[PDB]
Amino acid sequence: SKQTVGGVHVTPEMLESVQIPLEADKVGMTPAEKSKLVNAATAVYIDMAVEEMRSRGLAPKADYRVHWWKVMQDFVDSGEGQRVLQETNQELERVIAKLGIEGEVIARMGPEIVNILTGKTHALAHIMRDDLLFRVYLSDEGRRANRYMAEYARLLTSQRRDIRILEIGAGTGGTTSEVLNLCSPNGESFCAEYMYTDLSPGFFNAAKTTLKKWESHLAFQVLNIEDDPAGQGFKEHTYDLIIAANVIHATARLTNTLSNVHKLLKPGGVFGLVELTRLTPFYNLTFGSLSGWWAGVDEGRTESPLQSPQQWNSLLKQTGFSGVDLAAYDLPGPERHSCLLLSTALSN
C-alpha cells in the first residue's frame, strides 16, 4: 500500500523482491532449489542416524537430546523422510560439495548425529570448531531475512534522524553486518545509537574486530532478554528499533521475553523480529543438538522452539505490541522457512 511501519513506507513486496547474491548462484541453483537439496541431503543423514540408532539398539543420553531424537524419529516414521528424499543418493557428497556453508554443516554435523545423541561428541564444541556455527548465520538459508531487516533499518534510519537501535543476541554480528553494510556502507554515522547486545560479553571483542568499520557508533552491553532490561543498565522505552534475529525463540517463556522487549521500546517503536517460520530438517540437524533449541519445552514448544508468524502475531498482541504489522518471507512456496516480522510497541 502506502503502508508505514515506524513512520516510514514499507511493504512485504518491497522487501521480498530484493535480490541478493547467494552461494547458490555460483552453483546455478535457485534458492528454493538449494534449500530443497540442503534439506534432502540433511534427510539422508537423519535417516541414516535413525536407522543406525535403531540397528545398534542405542538410546540417547537422557536429556534434551531425546527431544532431538524424537523429532528425527518422527521425521523418518511419518514418511516425511521418504517424501523429501524422492525429489538420488551418492551424488550426495557431490551435492553437498556444492551446497556451500550448509553443505559444510551437513558434512560436519550429519555424520556426528549418533555421537552427539550418545554423548561421544559435544555438539556445541563440534559445530563451533572453525567458527562454523557462527558462519551458518551468514549462510544462504538465513541471509534473505537478515537482508529484509537491514533494508528496513535502512528505510527507517535514512528517513528519520537520531533513531535509537538495540540488537538482542547480536552474537558475532551477522545480522549487524548486513545492517551496517546497508545503512552505513562506508562508516556513515546513521543513527543516534546502535546498542549491540548479547547474553555473554565473550562475543564483543570478536565483534569489534569484525565490525571495526563501525567500532565507535556501536555500543556494547550485555543483555539477557529473559530478565528485566532495566536491572541490566538499559533505559526503558528509549529505543525506536529493536532487532532480534533468531534469538527470541531461544528463551523459556515467550510472553516474558516479549514483555521485556516491550520495556525497551518507546511507544510507537518498532520491533524487528527475524525468525524461522517452520522447522526444516536442516534446522533440526544444525540447532537441535544444542540445549537452547529446547528452551521452550516447559511451555509446550517441544518439537522446536519455533513459532509460526500467526503465533508470533498473537503473542505480540498479548505483550503490548500491535501484532505482526508486516511479514516478509525469505521464499514463496514449500521451501519458505524464515521471515522478518515487524511489530509496533503500544503504550498501555
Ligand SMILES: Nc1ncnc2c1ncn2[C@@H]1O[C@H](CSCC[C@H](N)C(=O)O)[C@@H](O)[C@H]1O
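In this text, the rigid core denotes the largest set of C-alpha atoms whose superposition between the two forms falls within 1.5 Å. Residue numbers count along the first chain shown, from 1. What changes on going to the form deposited with this ligand bound:
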Second form
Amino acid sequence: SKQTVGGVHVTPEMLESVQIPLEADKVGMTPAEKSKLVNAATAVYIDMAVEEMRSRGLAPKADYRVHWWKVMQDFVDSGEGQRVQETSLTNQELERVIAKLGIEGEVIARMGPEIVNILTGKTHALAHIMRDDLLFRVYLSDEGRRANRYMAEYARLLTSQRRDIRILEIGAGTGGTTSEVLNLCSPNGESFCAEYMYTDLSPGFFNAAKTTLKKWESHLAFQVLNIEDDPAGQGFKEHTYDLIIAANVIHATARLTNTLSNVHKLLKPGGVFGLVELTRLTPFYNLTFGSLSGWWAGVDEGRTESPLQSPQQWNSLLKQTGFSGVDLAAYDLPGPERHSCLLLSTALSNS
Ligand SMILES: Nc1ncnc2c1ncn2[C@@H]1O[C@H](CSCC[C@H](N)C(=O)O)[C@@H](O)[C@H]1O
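Moving on from the form deposited without this ligand, please list the structure of the form deposited with this ligand bound.
Next comes the full complex, this chain leading.
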C-alpha cells in the first residue's frame, strides 16, 4: 500500500502476520481457545474470592484495592462470571490446565488463591507477585510477546533504513521490550543508532538491565525519567528523539494527556511514538495487575475500572496532545480475544 510511518513502509498486516515462538502454539492450542482458558482459570479464582469475601463478611483494606474488589464484584454480579457456566471445570481439570500454561497459568496459581489475602492486607501483592521474578516474566510471557515483536520489528525497519536515529525508551523496566528491540536492531551487538536512552521511573532497574542487556551495554545510556513530569527538568534534551518506545507504561500514569504531552516534548517533529498497550481489560489482567497500586493511577481522571484505554481512545488522546493520532495499529490477535497492540503515532510540531 506504500503506507509509511516515520518514513519507512510498514502496514498492520506486515507486522501482524509474523508468527513467532509462543508457548500456546507449542503447548499447543490456538490463542483464542487458550485466551478462553488462561482467562478461564482466573474466573474460577475471582468467583471464589468474591464468594469468600461475602460469606465471611469481609471488606478490603480501604485503599485502591477496593477498586480491584469492585471490578471483581461486577465481573461476578454482572453474570459475566457464569458465562465464563459455558466453561465448567472440575478442580482436577483446573489444576491440570495451569501446569501447561507456563508463565500465565502460573501467575493464576500464585495470585488466584491469594486474592482474599491481598484484599484484606495479609499478603503484599507486589512482593508476592515479584518472587521468583514472576512479575518480570509476565512481561516476557506469551501475553505480551507479539506486541513487543511488533515494536521491535518497526524499530528494525526504522534503524536499518535510517542512520543516526535517536531512541528513548520510557518505562523500560527490566528491559523486556528493550531486549526484543535490540535483538532485531543489533543482532550482533553492532552500533545501530546514534542514541538509545534507556529510562524508567526507578533507577533500581538499571543494574539488572545492564546485565540482561550486556551484549549491547556500550550502546545504551541510562537515566531516570518520570514521564508524568517535564522531561526537560529531568535532564533530557527536548525534541531530540526520532523514536520513543513505551511498552505497557503510559497507562500507568495519572493523567494521560499530561503524560502524552511530556512524550511530545521529547520527540522531534515527524518523530515516531511507539505505543504498546493492552487494548482492553480481561479478568486475567485484573487478577494479575489489579492487585498492584499502579493499576489505579488514573482513577482521579475516570480510569476507574482499569488504567487502560482502547485504541480509539488513544487515537483521540494522541490527536489532542500534538500527535497525528494512531497512524498504524497492529493487534496481537484477530477478533474479540485480541488484548494487546502496537500503536504508531507521529509527533506534530505545535508551531
Ligand atoms: N510515571 C512513570 N514514568 C516512567 N516510567 C514509569 C512510570 N510509571 C511506571 N513506570 C515504569 O513502567 C514500567 C511498566 S512494566 C513494563 C516493562 C517493559 N516496558 C515491558 O513491556 O516489558 C515499570 O518498569 C515502571 O517502573
